[PDB]
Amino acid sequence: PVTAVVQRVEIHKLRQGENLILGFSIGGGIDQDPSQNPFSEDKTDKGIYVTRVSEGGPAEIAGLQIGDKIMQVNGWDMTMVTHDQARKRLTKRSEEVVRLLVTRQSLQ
């Protein structure tokens, strides 16, 4: 049985003109083959995983870690979305602060 430990990470986007940046990369999504996930516990997990964190970027200072699984973003579930949907949820230009619920640990 799986019990995920979730914690929060608040990222403050960087606005370089018309260029909004979070400073991290995401992989996964229900439309992608999960057997290829390089972090996942269960190779059938189609969740959204953080694959990279940019040095000196907002995500780094916020505490996001490579390998973290994104469960939610500003209230929106991220457990069963397509890669594109995941991206759209994390790229709302009108939002400056993106609040995340992530898991980098299981219980036991």
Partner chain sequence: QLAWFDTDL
The other form holds:
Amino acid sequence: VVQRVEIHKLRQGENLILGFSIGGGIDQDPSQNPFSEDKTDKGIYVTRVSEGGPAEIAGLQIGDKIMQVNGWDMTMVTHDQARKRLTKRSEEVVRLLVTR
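Switching forms now, from the form solved in complex with the partner chain to the form deposited without the partner chain, please provide the structure.
Next comes a single chain, given without company.
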């Protein structure tokens, strides 16, 4: 039901990949997010995960519902507010709190 995942970002030049992408956010339309449970579900989900990526390694799964990011509340946020929480340049370890 509720799992805490800690991902260790992979260095590749000036980049640090997470091996997964997200979808959702209050600025998005729940019907385009193949994971939302309904039309009100404006949450952030894990729509994709790379194999061997540092996400999968950590335990990240497809559809996973991110309620947290390094402790930050991602329940009522925009897609871009979330992607920004994850892709911080000055952070190599990101922790997520998800349900499944």
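C-alpha atoms forming the largest set that superposes within 1.5 Å between two forms make up the rigid core. Positions refer to the first chain, counted from 1.
- With the core superposed, residue 41 shows a C-alpha displacement of at least 2 Å between the two forms.
- In this core superposition, residue 75 moves its Cα by 1.2 Å between the two forms.
- For residue 95, the CA shift between the two forms after superposing the rigid core equals 0.9 Å.
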